[PDB]
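Student: With the hints as constraints, model all of the structure from the sequences given.
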Amino acid sequence: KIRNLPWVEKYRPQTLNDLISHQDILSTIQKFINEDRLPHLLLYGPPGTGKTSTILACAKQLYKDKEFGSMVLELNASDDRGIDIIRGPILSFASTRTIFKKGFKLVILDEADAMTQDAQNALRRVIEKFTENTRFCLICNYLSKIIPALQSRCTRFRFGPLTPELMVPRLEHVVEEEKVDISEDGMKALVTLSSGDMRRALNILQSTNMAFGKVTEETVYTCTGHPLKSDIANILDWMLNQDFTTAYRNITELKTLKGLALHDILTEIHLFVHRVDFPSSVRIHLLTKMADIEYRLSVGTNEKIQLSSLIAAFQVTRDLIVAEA
Amino acid sequence: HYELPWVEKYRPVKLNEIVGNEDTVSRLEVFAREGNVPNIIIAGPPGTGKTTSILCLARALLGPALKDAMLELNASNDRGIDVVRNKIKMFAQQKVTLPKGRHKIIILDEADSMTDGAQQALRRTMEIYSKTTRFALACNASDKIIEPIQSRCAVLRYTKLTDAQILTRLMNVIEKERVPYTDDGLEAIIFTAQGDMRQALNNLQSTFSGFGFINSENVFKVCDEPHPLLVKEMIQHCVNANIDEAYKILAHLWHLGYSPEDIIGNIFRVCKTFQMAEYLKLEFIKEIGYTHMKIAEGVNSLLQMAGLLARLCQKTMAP
Amino acid sequence: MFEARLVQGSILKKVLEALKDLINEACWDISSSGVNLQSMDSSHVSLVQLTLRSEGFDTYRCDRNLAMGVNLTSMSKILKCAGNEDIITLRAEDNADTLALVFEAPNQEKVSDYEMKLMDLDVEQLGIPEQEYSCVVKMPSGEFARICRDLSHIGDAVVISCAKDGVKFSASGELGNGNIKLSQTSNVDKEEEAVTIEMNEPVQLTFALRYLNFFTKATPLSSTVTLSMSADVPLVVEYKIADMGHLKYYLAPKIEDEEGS
Amino acid sequence: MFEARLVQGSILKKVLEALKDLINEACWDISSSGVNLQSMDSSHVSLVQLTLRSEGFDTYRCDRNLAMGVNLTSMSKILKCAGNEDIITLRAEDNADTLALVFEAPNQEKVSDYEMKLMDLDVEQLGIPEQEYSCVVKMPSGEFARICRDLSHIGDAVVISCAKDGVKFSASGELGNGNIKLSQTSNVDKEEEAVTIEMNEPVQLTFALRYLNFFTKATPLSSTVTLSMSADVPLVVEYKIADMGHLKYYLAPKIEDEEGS
Amino acid sequence: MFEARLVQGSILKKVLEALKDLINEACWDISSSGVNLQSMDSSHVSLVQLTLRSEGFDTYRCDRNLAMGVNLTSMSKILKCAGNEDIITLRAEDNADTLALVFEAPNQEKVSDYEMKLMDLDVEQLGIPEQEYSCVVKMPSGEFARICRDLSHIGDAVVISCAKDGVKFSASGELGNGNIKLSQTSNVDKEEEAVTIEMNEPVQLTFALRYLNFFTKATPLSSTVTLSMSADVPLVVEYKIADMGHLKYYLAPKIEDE
Amino acid sequence: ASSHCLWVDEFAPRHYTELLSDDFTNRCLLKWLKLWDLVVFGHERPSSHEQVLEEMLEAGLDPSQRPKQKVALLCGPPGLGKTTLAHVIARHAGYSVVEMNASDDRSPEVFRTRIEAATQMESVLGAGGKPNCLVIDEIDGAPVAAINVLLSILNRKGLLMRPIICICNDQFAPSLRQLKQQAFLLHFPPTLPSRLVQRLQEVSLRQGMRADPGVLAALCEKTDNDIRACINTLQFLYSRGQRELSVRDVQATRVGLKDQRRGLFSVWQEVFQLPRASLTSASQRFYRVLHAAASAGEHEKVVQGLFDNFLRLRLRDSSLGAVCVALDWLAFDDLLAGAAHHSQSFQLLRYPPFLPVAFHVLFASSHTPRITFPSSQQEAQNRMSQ
DNA sequence: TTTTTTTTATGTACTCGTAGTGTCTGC
DNA sequence: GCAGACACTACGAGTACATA
Ligand SMILES: Nc1ncnc2c1ncn2[C@@H]1O[C@H](COP(=O)(O)OP(=O)(O)OP(O)(O)=S)[C@@H](O)[C@H]1O
Ligand SMILES: Nc1ncnc2c1ncn2[C@@H]1O[C@H](COP(=O)(O)OP(=O)(O)OP(O)(O)=S)[C@@H](O)[C@H]1O
Ligand SMILES: Nc1ncnc2c1ncn2[C@@H]1O[C@H](COP(=O)(O)OP(=O)(O)OP(O)(O)=S)[C@@H](O)[C@H]1O
Ligand SMILES: [Mg+2]
Ligand SMILES: [Mg+2]
Ligand SMILES: [Mg+2]
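Residue numbers (the entry's author numbering), protein chains in the order written: chain C, 16 to 340; chain B, 33 to 351; chain G, 1 to 261; chain H, 1 to 261; chain F, 1 to 258; chain A, 276 to 322, 346 to 455, 480 to 599, 624 to 732.
Keep in mind the hints are simulated off the structure, nothing from the lab. We treat Cβ as the ideally placed atom computed from N, Cα and C, and that holds for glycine. Heads up, a few of these hints could be off.
As the list claims (entries may be wrong) - Pair ranges (Cβ atoms, derived): (1) A:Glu646 x H:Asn65: 54 to 62 Å; (2) G:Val102 x C:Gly240: 52 to 60 Å; (3) G:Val102 x H:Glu25: 42 to 50 Å; (4) C:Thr237 x A:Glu646: 23 to 31 Å; (5) B:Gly112 x A:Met354: 35 to 43 Å; (6) A:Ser405 x H:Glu25: 29 to 37 Å; (7) A:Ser627 x C:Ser313: 41 to 49 Å.
As the list claims (entries may be wrong) - In silico DSBU-like cross-links for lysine-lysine, where the CA-CA straight-line distance does not exceed 35 Å: (8) G:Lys77 x H:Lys164; (9) G:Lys164 x C:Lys117; (10) C:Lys144 x B:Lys253; (11) H:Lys110 x F:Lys181; (12) F:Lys77 x B:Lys132; (13) F:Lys217 x A:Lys366; (14) G:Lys110 x H:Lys217; (15) A:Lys428 x F:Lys254; (16) C:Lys203 x B:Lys132.
Tutor: Following this line, the structure appears as structure tokens:
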């Protein structure tokens, strides 16, 4: 049947085989499940890498549909997770048995970085004392927000960013099941603008399929609003080659015609500075200047003045680079 | 029955199986043999074995009178102003027959979560009933425990585990578990553990369950290299105003998926104990805090971290 | 269309004051046979099954089956303002979200239409095993509620043991041990007060006290409560309402560890 | 010079906790006919009229017409130390700026006097029009206490209508509406439960929930409560305090918001 | 092995609510003559002496001399589940940390075995309080509890002065003054209501109110109360019980006399 | 029962002659308790900070034959014997000790009835009964209303007829401000190392083991003049395996080291003054200043003291660069406090602990600065509110 | 050899006082 | 049968602090 869902939730890896990237971690987790020795897990990494979907596939594989409510106590940041919950429902779930079928339970704590330090300190002996009856999985994005005792109690698996080589076939499966016409440069633009995140890749694909009907590099860079690599190279060429008024006129004409934003321009220029063989002092000055401009754009500021400062940060170092020789 | 993980299955049951801090563990073994132990606070890093030492000492001292002459309280319990007044005090006055040299043991694990008023109320019940009962506290940060409680005990302090001390128990677990291995893989396990025996056992069990053999690349496929060991070298590169290698390490840590908050926190911890000038360290810490303000308000990209690295390189060349 | 009608409103009051501090939301399962309610508590430890027969209602019609998720904290504030000798009406349309709770005041004049808003919590159907129990005990609900209150004074978790002679209640608490053993007290004038043993295998299990006293709030529902117990399957506190149906409870045992010594 | 004696001490233990949270001052006006209290809030939403006649006092001596103001903060702490069935005597001199309050036992050698500073307040009488309303109905006091607490669990603003069938209490919120229409209960043993309608023009208006719930803790002062309201005249709630006088309340209508998309 | 089978659970019920807030502990001294409780407040204010002999129980067995340091609040949750007309088996082992109480309280076969963890206190010794009392009278118990509640309404301390006509009770407060004069009430049909005067050297002392009212909490337990007081010697109320034993109390007066 | 007791309880003082406190404090407490005999025992005859205490002892009596100081407040660091001296002095003067602690409920009604029970009636034993001496340990942990109840029962003009001894660990608590204007203020100096080393020698000799006095002096300097910590540390280090204590065992940090809550004035003195002359390395001074300033607590008061005291020194920076960067550091702390209290990101509070070590690096001098308490910011805020 | 006070804007945790309220006792 | 007394839990209120 057809369903009205976003593509980041319609296409969810219900099994561990449908996830793409972290093959060694998932093989170790499947060997933990198959040998009935699953320990307390600590799944951490950047967003969109598949940490919630991994433990949901684990809970679906471990327990059937007729007994899922008796085995999984899933608590996230949307629910109240105070020390009353740790000393109350979580402790009573951990210290008791199962109603229907004999087996070990699972307490999934999504967004464990948002838990308070009192609840995390109260969670230590609940994990340690009842490790035979239940297992605790903590999923976080920031490992610095988890106390070192909880990091010691749970073995950690770093769910790193999804590389674009293994990220292609999942997008191909979504395209084939969604009947989407896509070119090679469109898939390249998806796996480039996503930057290790399969959620925003599917969001970009759905938004481009709704906006244009086709997925090409032009359509993706128009729907997202990102500047293309050639235009960033042209902006760098104008800032490094011509005088202030002509480069200002060229960059302002390009930004008016394409409707570009200065944040993406600053990001791509910062990426192109480290590739360009600059001197160390020039690179240090440029990095400090673009850090100042990108900080300045976080408030109610005029974007034209910041664009003039972005040109100025290269017009300062043009003479230094040339006289360096 | 379900098989326990190697952290809790291979918990030491006697005081001679605990490695690390040999003098303190030997004195605890002597106390467990003879008796009349004083009030004890054990402080140290996580995974050192403070709970293991306290429970082994209590099990060896009490024995068959364990279920009635030992009161164990944790952070999962309340331990408020009412629990100290009606539960610690009533158990302290409670009459339990015991052999000579043996006392009731009140184990207060994770005493940092104990409030200040409860620790103030804990003092007089600790001093009055010391003829009949004894106290055993375990903590990570000893500064959270108040000074009158620390004056009432022999505050023992545990150090981080030496690699040979982890290696001996790694031999023990390997020969009872029949784990094939190489030497370099076990050095990789020790390197990933970093003084944490829980992390050593967890990483050894993960590598044995996922691959069945312990070499270096089998360990590093599922475990990770520790983060501040690269941050130390990148801060060292920032000291000599070398922005290229510092950005190389920063981009390597960025492509590994580390959030800017974790990176800047480990930068601050490395710069806390780094070996440079004092004024240079102070302006480095001020620059780190100024960047962390921008991280906290909402803007957190690779450009901000590169700007922080460039400002740290600027601080050296600006006397 | 769904139109149920409680013959007295005191039956609904005693049901939902027992699940007020226990269950999270009321998931009414509606069919032609009757009104069902099978939802766990917040801690996923206890399970409540409630089945009300259609023959006990005044008039009951149900054209199509519905799943009826209703928040109970907002629901339990309406049975406070409900009479006990009074008429309770429950209405639900085919594709709407309003839930008309129409009744009368204790002054007994006025219609009082109160509305609820339905929730969309999908829930997987929890399979009741319906297996034979190795200890079946009939016991009055007033006596079962009294010794659960006395055992909450002494300890935190109670050891409940059943055998050939009778049930036995033990509470290893802070102040000491509290042991109550009752048997064969059917030699009285009343028929509600009776202790009867049906099966043979002797079990021993430890349960949390905070849920056993929660289950005994259904004392005005039934004069006699059936206690079902075995080694693997949990404890059952079974209330059978006289002309409405039955109220079925489950409570998982606690994890205990023997000393190594 | 003002000196008065009460028959019961529970009258001030039932009238003065009601205005614990309405008004910031207690202005008593002395006349030969009796005492008068007309005060407003800081929000200018509720007006309270308290008139106790001189014929019911044990003694009453009055010579001049003055105006004294009493604060609430020190007064509320005093009455918790006072008795319930005792006699309460008051004293106030012509030139002294300190009202004396005595709550002695009816058979006691010594008195207990907790005096307070007289607040010199400059207020004026707005003047109630005492015009003919649109509906005047009589209601029980204790039942009015329950129905004001009834709608407090639904929303923050309630709607009171009064047509020829009865007086309609409505409370619309995010949970669900609740409609209550008291009518035609003259066939009872007590004369208290007789709900009658005297007039006829129907008026629909919206009144704030909190000030009615601040009123209904003074319900055992009287037997019945008379409710009077009109289209633009504020709602009048009438109390008759035994044989010593009467009490009148006033609520302006709550301001209804707009409706948008 | 120690066993004490009290024939009614009402008499051991009515002991403890009299001494609930009064003493923080109970020290049952176990001997062949009977039970003994020489308990003492930590502020040296009131003393409780309780002795019930062996013949007043259903049975009594004692091997050697024993002492029961017992938490009093921890006992009080047992008697809340006890009955009024039932048999109470107060038992303990010789060298053990427990004290069991076996009864059938709800009269529905319900064998309740409630154990109590003993506590150890220091062995303080109060041998014999001296009894050279100048003023002794006998009073009804139910009248004594009512006048102690009457003076608790107004004042916070009672000035008690003995006299040949009777014992005079006085109290003062900001609300008023409570005072009554005791007269000779021996001309009644009830023998417990009669006041007997066998005193000399009248004295006038001041006593606290929060300690006097809980002395009169056990007034249904015994019909007659014997008041004993003198100069520089604490007041004694005495509850002579019918068959199993006797109860007496002690109360130090206030420093500020009259 | 040698194996049934702690060494602090076995070697506890029972007589007056075996106390280890300062002798003055003992004389002052004994003379304060011995003048109470006129009202309690009914007998006329009993048988700088120095000058104020000696004047106030012989200050006379008010017209109630009772002292003008109705309680005695005993202040000092933990581990000297304040409770021990109070109990020994109370048992020496014929009194009976009534102990108040933090393990009681300490609600105002409970406090009121317990003081009224302890102090306002005599003994039940009658003649020969010892009078009741109320000892209130840990009065600094009591709430404000409990101290108000104590001052209400102190000033009844129902007069107080029995002495009360109050023991606290910090006199500068806000709940004990009024008490200090009414009490016999006894300040406890830290114990002398010679008597402490001799008492540790007696303790070690009574247990039949040898420790030379160099390692005992090292233990005394490590445990901060603490009898209880040193005796517990000796009990752990001796055991029965060996008899001779090694210097390297005490010099090791694995046993007997406790975190010490440093005072504000000690922190300001260690920041503004260099240690007198190994320990000459600047990194060790950096870590020591940072750790002790973090361990002191009350960071805002430290910031206010550094703001109010850094301009009164003999500054060698005539170009005002150090003053400018110190004000930059103070503005950095203020910006961090605003950013932590605005964005709800409290992980920015790890850097304002580095403000006192920045002031120590900038203004390290070998002089003796006169550090006063900060009050300009508080009086400015009060005046602005006014 | 030196000691007062409420501002920062939420979120959470702790502790304590108070107030309806179910239930038990008694004439 | 109804008035008084007992403990019970829910709720309002004040205060502290949040980092390594
Ligand atoms: N490894 C993956 N393989 C396939 N699809 C993936 C993968 N990771 C993410 N997705 C897709 O992205 C969606 C969201 O993934 P999530 O598991 O919710 O990400 P996440 O790891 O939970 O990140 P955070 O920290 O919770 S925002 C999934 O429903 C999939 O459609
Ligand atoms: N010194 C040790 N020798 C042997 N095994 C150890 C040692 N320390 C830790 N372990 C192992 O690690 C497990 C956990 O040790 P714990 O004693 O719980 O650590 P910890 O010192 O209590 O740290 P925290 O503060 O509780 S997180 C034990 O069950 C052992 O299996
Ligand atoms: N002269 C002494 N010789 C040996 N031990 C002593 C001596 N004087 C005191 N002690 C012990 O040292 C401790 C004295 O401290 P206490 O008086 O109990 O408490 P305190 O010194 O007031 O400090 P705090 O604030 O209460 S922790 C007790 O354990 C005494 O037994
Ligand atoms: Mg997720
Ligand atoms: Mg531990
Ligand atoms: Mg002390």
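Student: Confirm or reject each hint.
Tutor: Do the hints match the structure? See the list:
1. A:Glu646 x H:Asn65: 54 to 62 Å: holds (59 Å)
2. G:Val102 x C:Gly240: 52 to 60 Å: This hint holds: roughly 56 Å between Cβ atoms.
3. G:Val102 x H:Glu25: 42 to 50 Å: Given about 46 Å between the Cβ atoms, the range holds.
4. C:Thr237 x A:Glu646: 23 to 31 Å: Violated - the Cβ-Cβ distance for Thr237 (chain C) and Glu646 (chain A), about 54 Å, lies outside 23 to 31 Å.
5. B:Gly112 x A:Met354: 35 to 43 Å: holds (41 Å)
6. A:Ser405 x H:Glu25: 29 to 37 Å: At roughly 34 Å between Cβ atoms, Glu25 (chain H) and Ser405 (chain A) fall inside 29 to 37 Å, so the hint holds.
7. A:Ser627 x C:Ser313: 41 to 49 Å: Between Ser627 (chain A) and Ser313 (chain C), where Cβ atoms are some 43 Å apart, the hint holds.
8. G:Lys77 x H:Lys164: Status holds; Cα separation ~30 Å.
9. G:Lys164 x C:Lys117: Roughly 26 Å between the alpha carbons, so the hint for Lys164 (chain G) and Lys117 (chain C) holds.
10. C:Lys144 x B:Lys253: The hint holds at about 30 Å.
11. H:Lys110 x F:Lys181: Holds - the C-alpha atoms of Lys181 (chain F) and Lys110 (chain H) are around 18 Å apart, at most 35 Å.
12. F:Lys77 x B:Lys132: Distance ~34 Å between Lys77 (chain F) and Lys132 (chain B) Cα, so the pair holds.
13. F:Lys217 x A:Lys366: It is violated: about 42 Å lies between the C-alpha atoms, which goes past 35 Å.
14. G:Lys110 x H:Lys217: holds (24 Å)
15. A:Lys428 x F:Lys254: holds (15 Å)
16. C:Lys203 x B:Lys132: violated (79 Å)
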